[PDB]
Structures are given as C-alpha cells and as structure tokens.
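J.: Letter by letter, the chains look like this.
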Amino acid sequence: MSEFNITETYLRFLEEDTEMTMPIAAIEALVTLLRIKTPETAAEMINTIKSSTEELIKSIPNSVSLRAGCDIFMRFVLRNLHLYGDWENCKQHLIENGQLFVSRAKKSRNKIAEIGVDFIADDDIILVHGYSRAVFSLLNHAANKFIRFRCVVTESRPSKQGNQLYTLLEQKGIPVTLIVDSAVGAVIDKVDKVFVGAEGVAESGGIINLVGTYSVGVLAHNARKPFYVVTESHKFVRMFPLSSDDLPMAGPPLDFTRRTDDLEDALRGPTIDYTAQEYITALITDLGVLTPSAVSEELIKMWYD
Amino acid sequence: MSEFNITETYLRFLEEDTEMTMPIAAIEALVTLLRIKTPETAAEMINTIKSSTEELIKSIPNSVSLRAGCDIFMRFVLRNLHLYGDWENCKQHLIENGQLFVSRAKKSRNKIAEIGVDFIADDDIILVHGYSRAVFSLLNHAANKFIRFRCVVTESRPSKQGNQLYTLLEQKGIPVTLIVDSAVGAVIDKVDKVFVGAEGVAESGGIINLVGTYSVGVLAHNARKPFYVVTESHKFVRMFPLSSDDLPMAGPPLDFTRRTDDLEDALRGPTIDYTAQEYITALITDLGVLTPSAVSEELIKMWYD
Amino acid sequence: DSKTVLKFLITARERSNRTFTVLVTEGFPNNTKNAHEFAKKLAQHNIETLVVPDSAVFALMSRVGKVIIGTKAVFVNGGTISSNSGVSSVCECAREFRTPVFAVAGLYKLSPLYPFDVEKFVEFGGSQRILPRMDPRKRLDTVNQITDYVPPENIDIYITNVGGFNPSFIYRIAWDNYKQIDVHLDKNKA
Amino acid sequence: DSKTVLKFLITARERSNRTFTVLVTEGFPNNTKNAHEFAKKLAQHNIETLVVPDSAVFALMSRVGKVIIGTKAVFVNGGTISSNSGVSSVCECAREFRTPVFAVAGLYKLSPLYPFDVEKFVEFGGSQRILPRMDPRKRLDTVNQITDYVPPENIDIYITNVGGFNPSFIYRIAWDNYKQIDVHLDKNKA
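Residue numbers (full-length UniProt numbering), protein chains in the order written: chain L, 1 to 305; chain C, 1 to 305; chain F, 192 to 381; chain W, 192 to 381.
Source of the hints: derived by calculation from the structure; they are not laboratory data. Just to be clear, a hint being listed does not mean it is correct.
Simulated pairs of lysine to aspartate or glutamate, DMTMM-like, Cα-Cα distance not exceeding 20 Å [said to hold, decoys possible]:
id	chain 1	residue 1	chain 2	residue 2
1	F	311	F	377
2	L	301	L	192
3	C	190	F	308
4	C	225	F	308
5	C	106	C	170
6	W	370	L	265
7	L	225	W	308
8	L	160	C	264
9	L	172	C	203
10	W	311	L	8
11	F	311	C	118
12	C	145	F	228
13	C	190	L	255
14	L	193	W	308
15	W	300	W	332
16	L	160	C	170
17	C	37	C	96
18	W	232	W	283
19	L	37	L	88
20	C	172	L	246
21	C	172	C	203
22	L	37	L	86
23	F	263	F	228
24	W	329	W	373
25	F	263	F	217
26	C	301	C	286
27	C	193	F	308
28	L	58	L	8
29	F	370	C	265
30	F	311	C	265
31	W	198	W	217
32	L	225	W	310
33	C	225	C	118
34	C	160	L	8
35	C	172	C	123
36	L	58	L	246
37	L	111	W	373
38	L	145	W	217
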C-alpha cells in the first residue's frame, strides 16, 4: 500500500541511478501511480493525479523541469483516454501503452545522438554550459565516431556542474579546458559553436535551465555564432514569461535583506534564467532538428483546444 | 644600503597598509629609489631605473597595473629633468617635487569623490564588479552625503573580491545584494547604472583589470545603460591590443593540457580581459570627467614625441 | 524652431540649385506654432515641402535617409540640448534605420559643462495646452516636455562654423575655448 | 541569372505601369555572362537601368532601400541556396543598412532538408576564369565559388506562388508537402 507522493514511490529510484533524470522520473512515478492504483473509474483517476501532481509541484517548487513532466503526463493520458474506448479497454489500453516512456523516453538521448551527429563537424571548438546530459550523449557519440573537435566547459555557478563535465569527458579522452563563466566574452571569438540544454521549453522557445544561459546566449548573438541547444521531445511546459523573469526560487532577484549571522551571499540572486526565440537558432528533438518557430507551433498544436 | 628591487624596499610597505594600491606603491618605491641612490650624474640615474623597472616587470609579470606605474614614472622624470636645469638643480629640483604623488596620488580617490558625486543620483541601483577602490571611496562619499541609492555586487571569480565588497559596505550601512556573475544578464534590465575600474587604460581606452568586465560591458551596451568606469589620472599604459587578447598570465586562453594529479581547473582561462572604446561611455580622472576619445588623445599627447 | 536652417535652406536652394523636399513634423503642441510657419516660408521658396503629423514620422522614415536637427545647446559628450518637443524619439527612430543624423550649431552654442542628470536639463511645460478642460474632481495627471536630450550615439556630425566634427571630438573645440577652473563656476571652491 | 525576375519585371512594368530603376551587379566572373544579358533585355523594356560593378555595390547601397534576390533552392531554416556568385555578402551589406531583403521562389524550389554544413552545399568553380596565366613555378593559389548561402536573418520574405512568408515559417509549407521518413532518404534506416 503506497501513496506515490513524495518518497514512498518517487524518491526511491532517484537514488537508484543518475542516468534517469528528473522529469521522466516523475513520468516513471506517474505511470506507476495509476498502474497499481487503478480505481476502475475514469473520474477519480484524473482526480487522483490532479491531487498528486499539484502536491508534487508543492513537493519541490523550484525544479520546474518536473512541472513540464507534470504538464505532458496529463497530455499523455488525455489523448490516451481518447480513441473512445469507454474506459473499458482504456484501463488496459493505457497500461498496454504503459511502459512506453521507460522504453522510449529513455532512448531519447541516443536518438539525439543518432541525429545530432552533423552539428559538431570537423574541428569545432565547442562551448558547453551546465549538465544537460543529452549533450554528453551527443558528445559520447562524437568520441565513438572518432570525429575531430575540441571542447570548452564553462562554469555552472553556483550549481557546480562544470567541474563534473571536465572530469566526465577527460576520462573519455577529449582535449578540453574548463573556463570560468566570467571569461566567456574574451574567448567567444575563437569559439565557433555553442551547446546548452534547457530544463523546459517555453511557448516562444524557452531556456529555463540555469543561471546564465541567457548571458552566454546574448554573447553568442553579438559573436554571430549558431547558438544551438540540445533537448528532447518531452521537455515542454506552458510556463511562459514576457521578460527574462520566470517564477523565481522564493523571492525577487533584487533582495536587500541583510546577513543575520553567516548566511550565503552568492545565493541571493536567481538560479534560473530565460531566453526567448531571438537568441537561439536551432534545437534538437526526438522528432528531429527543429527551428525556433516550429517549437512554438508544436507547443500550441495540442495545447489550445 | 638597500637595492630597491624586490622586497628590500618595495614589499616592506605593501604589508604596511591596504590603502595604498599596487602602482603608486611602485611609484613610492621609484621616487625613493633615486632619492637615496642619487648617483650625482644624469646618465646612470635613468640607467638605474631602466635596470630597476625591467626587473620589476620581471619580478611580477602579471600585475600590469605596475607596468602603468613603470610607464609613467619615466614620463614623470623625463619632463621633470626638462625645464633645462643642467642636472645641477635637477637633482634637488626632482626631489623637491619628490613626495608629490605620496601627497597627490594618495588624494586621487577623494578628488574622485569630489567630482564623481553627480553620477550616482537619486535611486540608482548600482552594479559594481571587482575591488577598484576608487569606486568605494566614491561610495564612501555617497553614504556620507546621505544621497539615496542601492547597490548590487557581482562576483569577482576567481579573484574572490566580490565577497569583500559585500562585507565592506554592509557595515557602512547600504542595502546591497551579492549576485553571481552568471546572473547578470537576467537582472541587468532592472539595473540602471554600472561602475567598474581598470588596472590600466589602453590607447583607445582600455579596461585591463579583471576577468569579465568586458562580459558585463557588452551586456550593458545591449541593455543600453551608461557603462561608466572609475579610475584616476595615473592609471595609463601604452600596452594596447587589437582584439580582447592582451599579454596573458602565462599561456594561451585555450589550453588543452591535462590534469596531472589535482591541479586547479577553474584557473585555466585568463584573468585579465580587455574592453575597447565602444562599450564604455565615460570615465573619471583627477583632471575631471573624460570622454573615451579624450582618453586616447591625452594618452598620446605626451607619448608620441 | 531653428532660425539657422530656416535661413540655411533658403540659400541651399538658391545658390546651390539643388532640388529636393523636406518633410516637417510639429513640436506638438508647442512648435506647431512655428511648424506651420516653417514650411509656409519654404513654400514661398517652393522646396516640394509637406507637413507630416508627429505620429506618422515612423511610417515615412523608411523612405527618408537623412535627417537634420537644429539644436539649442551642446555639451561635452556630444549629447546636445535640443529644441522644445518631439525631437529625441524621432532622432532615436532615425538611428534605428541606420540613417545619418545631422545637426547644426554655432560655436557660441557650445557649452563646457557635463550632463550629469538628463532630468536636471530636461525642462517641462504646462498642463494648459496639453488638455484644456482642467477637471478638479476626476482630476487626472498629465505631462508636458519643452526640452529633449539625445545621446551622442544617436548623432553623427556637427555642422559648425569651423567644420564638421565627431560626436566625441567636442571636448577639443571646447577646451580650446574654456578652462578647467570656471567650469565649476561657484564661489565655494570645495 | 533568375529567369523568374527576368520574366517578372517585364509585367511589373507592363501591366502595373510603375516606373523605377534597377541597379544590377555582375556575378563575377560567371553570371557576368548573363548580367550583361540581363539589363539589355530590360533596356528593351527601358526600366531606367544601369550596371554597377561588384565593388561599387556598397557605395550605392545608401541610396537603394529595397533588394530582391532570385534564389535557386531553399531549406527548412529559411536559409536559401542561392545562385552562383557574389550574392551573399551584398545580402549581408543590405541587412546592415536595415534594408528589406526580398526573394522569389517557386513551391517546387522548396527542400525539406537541413543545412548541416554550409560548406557541403557551397560548391566552388575553377581556377581558369579567375586568373588565366596558370603559373607552374611561381604557382600561387586562388579560390572560386559558384554557390552562396545566406542565413535567414538576412532575408525577410518569400514571394512564392502561395503567398509571402516568414523566414521561420518555411517548415509548415514544407511539412505540408514532405514527410519525416524520406527526408533521411537512404536504405540504411540506422
């Protein structure tokens, strides 16, 4: 007898492997939610997940990649309840689909590595920023193809992830430097291509991942380099700003409260930025390469109704 | 019997007070060099400092604010030997000038605080970056005038200085946040003015101070905010690039050598950037406020001959 | 409201017999006194002229590739203190189309001072001629402005009596006419 | 070398009786075969035409505020595969003056593929007609180019048979004509 909310199902398998990421872990928790708890009626099933997704937003309010996972699972079970099976087969007809994304969204990243080959060409110095793991699997395919390139890793401050990526692919055997994020503007002229990855895509095409992907994006547009971004086909959320201000973590990005005893002072600003359509130029899906205008329409094609 | 080269005169008084800064400490060492060691002849006096300045560049090769101090001291003693006193009075006529800069260049910063008042106006949120101490003395005058404003401190990574400035003026009593340098691009729209300070001014107007003053400068030009910079009238060097590549610390900004045992990996990129005339809009001298074209001509008015 | 270009475009048609036209907007509602006076005297010297409204000046900016601005005063940045109203944003709209922006200024129109605050030199006007109803009970608020300021990035040249000059060169003409002591023109030499 | 605008500007003068001119440069040294052929037939239909050299096209770009480009093929980005030579940098020089950049393309000139490498579609030419001396002992090197590519940021519209379209809308016309399987047109479905 589980409850699927916090850790009695969900945070079990987040300590199982750091190959599954946050939103499909919620998708893995949401598909097994109605699988065991199948209350033989179409009404309270969706009322179970509306209780369960809204407390899951309440569980971690500042991991809005989960909110994209909370978004499209409702978009999954809506059309899966469509084809009009009167809930008779649609109990089984949903769970015979069932384990799709643990067989399909797990193979997002290698399918990204199938079609993201011909971006990193011969002798491209590559600017990466933040642990967006689809980039590394694209770089895993690049080392396994023995195609020639180099790599440059920025910081990820304060999220520390840039120190991991230097250790992650030096053992793989790529010539690489870790650079500070402060030294982007004096180095970007030698840099030719640049790869990042969003935690979620907004309505105009959003980069809702890290602290300064918009900073390195607006550098690259004045450098006039193709600012690519690597993601997959389950990373879409309706949450869409008008400025570069999303929901913050807890407070406004200009706090002026004081240090009580020894409180952290680098952690006063934001941790999530926003980039509109203007500064990206292409992105990757499991559907294929995608222009920043088509990422608006496919995020609206089944979203208005 | 001293030798004035490394620490037998120079590095004595750099542990005396952290109010004197690096170039005038070299100026303090250079004026006391020929003061005691006055070898009664105009020839080997300048040959003494040409020996002494070039080993001082050799002493610390990567503190090129000292090189600006090594630059203009020769420009001091040249015209001070001019007025044509046949070296007869010009021994005394130099040392009666003598202690000028320990009485005048020490009062650079308060004179900056005399005329840099009417930049920080009523309710200006201020973006600062790096310990350029003339800014804080301008901010010291701002708190002592009880003019109304706020403050935002960035990082200074890896040079750590942003953690000092938060502690330095919170005790002074200013509402302030420390922000990461990664979160500049998502916050700069609310920011109105921005203050930095160079270790030296190049021929077109150079910002040769820190790691990412060019990064925050190119942000502010797209934000279309007046990118001011605070320095003084003894911070000029002939050293002038064509790109944003100066002399580096020891190697090129894209190294690809590997980690032997545990070597530092944030310290692989540069520590000094460059900004041309395009991204600054005004600067402060002891002579007055100065446009970025006049800082070219005064750096050439006594420099061609 | 620039008697320079009012006098200049007479002989710019007369001696040099170049034919062209001038669009002219209004300084609403203040230089529209003189804006209707301006093109009428140019209609006497018949330089194909036509009056545009202030709202239309973006919609015809794609056609025109040259603008001249008769300013009132000019500071050390090359940011000039212009005439009454409407001229700053259209100087901005000109700059966005990569259109050269001209200005005329006498040598005595120079000023050795710095624009510290833009708003301490931007003078406003009255609530009278911007709405005349004067409601005391509804009583909304409204803003006039009888000074526009432009940055030197939006300007290109200074047609002066001693030549055309960069927006950043303005100090060297000024410091050949002014000194560093009396720019802080005050008895308290603090 | 665009038979579209060769045929189009006939009836753009004939039915619509608009009078104008066209500047025309050469695709040196390759479309200059047809560049002298192009304005001559337009001199028959007498649209005030004049031939410019390739170096002069910046110096007269300040006057002209509209350019049309007859392309050869077009991909999914809105970056189009143009005609032979010289047309990319002048499309860049047009974009810098904030000048609208036109293009014409049939619906069959669409292509559902992506420009992964620009250089795998930029085809070059010969060392013959770019210098004819053929030195074997001095023997310098020289580069020809018979394909130019432009980014979609340098283009504005697609005058097609089914309307004018955004540079970023090009997928929706294309995916109403093509499918996701045969864009990877290869027997190995890896």
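J.: If a hint holds in the structure, say so; if it does not, say that too.
T.: Okay, the hints, checked on the actual structure:
no.	hint	in the structure
1	311/F / 377/F	18 Å, holds
2	301/L / 192/L	34 Å, violated
3	190/C / 308/F	19 Å, holds
4	225/C / 308/F	14 Å, holds
5	106/C / 170/C	25 Å, violated
6	370/W / 265/L	53 Å, violated
7	225/L / 308/W	14 Å, holds
8	160/L / 264/C	14 Å, holds
9	172/L / 203/C	45 Å, violated
10	311/W / 8/L	54 Å, violated
11	311/F / 118/C	11 Å, holds
12	145/C / 228/F	49 Å, violated
13	190/C / 255/L	12 Å, holds
14	193/L / 308/W	12 Å, holds
15	300/W / 332/W	35 Å, violated
16	160/L / 170/C	27 Å, violated
17	37/C / 96/C	15 Å, holds
18	232/W / 283/W	28 Å, violated
19	37/L / 88/L	16 Å, holds
20	172/C / 246/L	33 Å, violated
21	172/C / 203/C	36 Å, violated
22	37/L / 86/L	19 Å, holds
23	263/F / 228/F	19 Å, holds
24	329/W / 373/W	50 Å, violated
25	263/F / 217/F	17 Å, holds
26	301/C / 286/C	17 Å, holds
27	193/C / 308/F	12 Å, holds
28	58/L / 8/L	16 Å, holds
29	370/F / 265/C	53 Å, violated
30	311/F / 265/C	50 Å, violated
31	198/W / 217/W	19 Å, holds
32	225/L / 310/W	15 Å, holds
33	225/C / 118/C	16 Å, holds
34	160/C / 8/L	43 Å, violated
35	172/C / 123/C	18 Å, holds
36	58/L / 246/L	17 Å, holds
37	111/L / 373/W	17 Å, holds
38	145/L / 217/W	43 Å, violated
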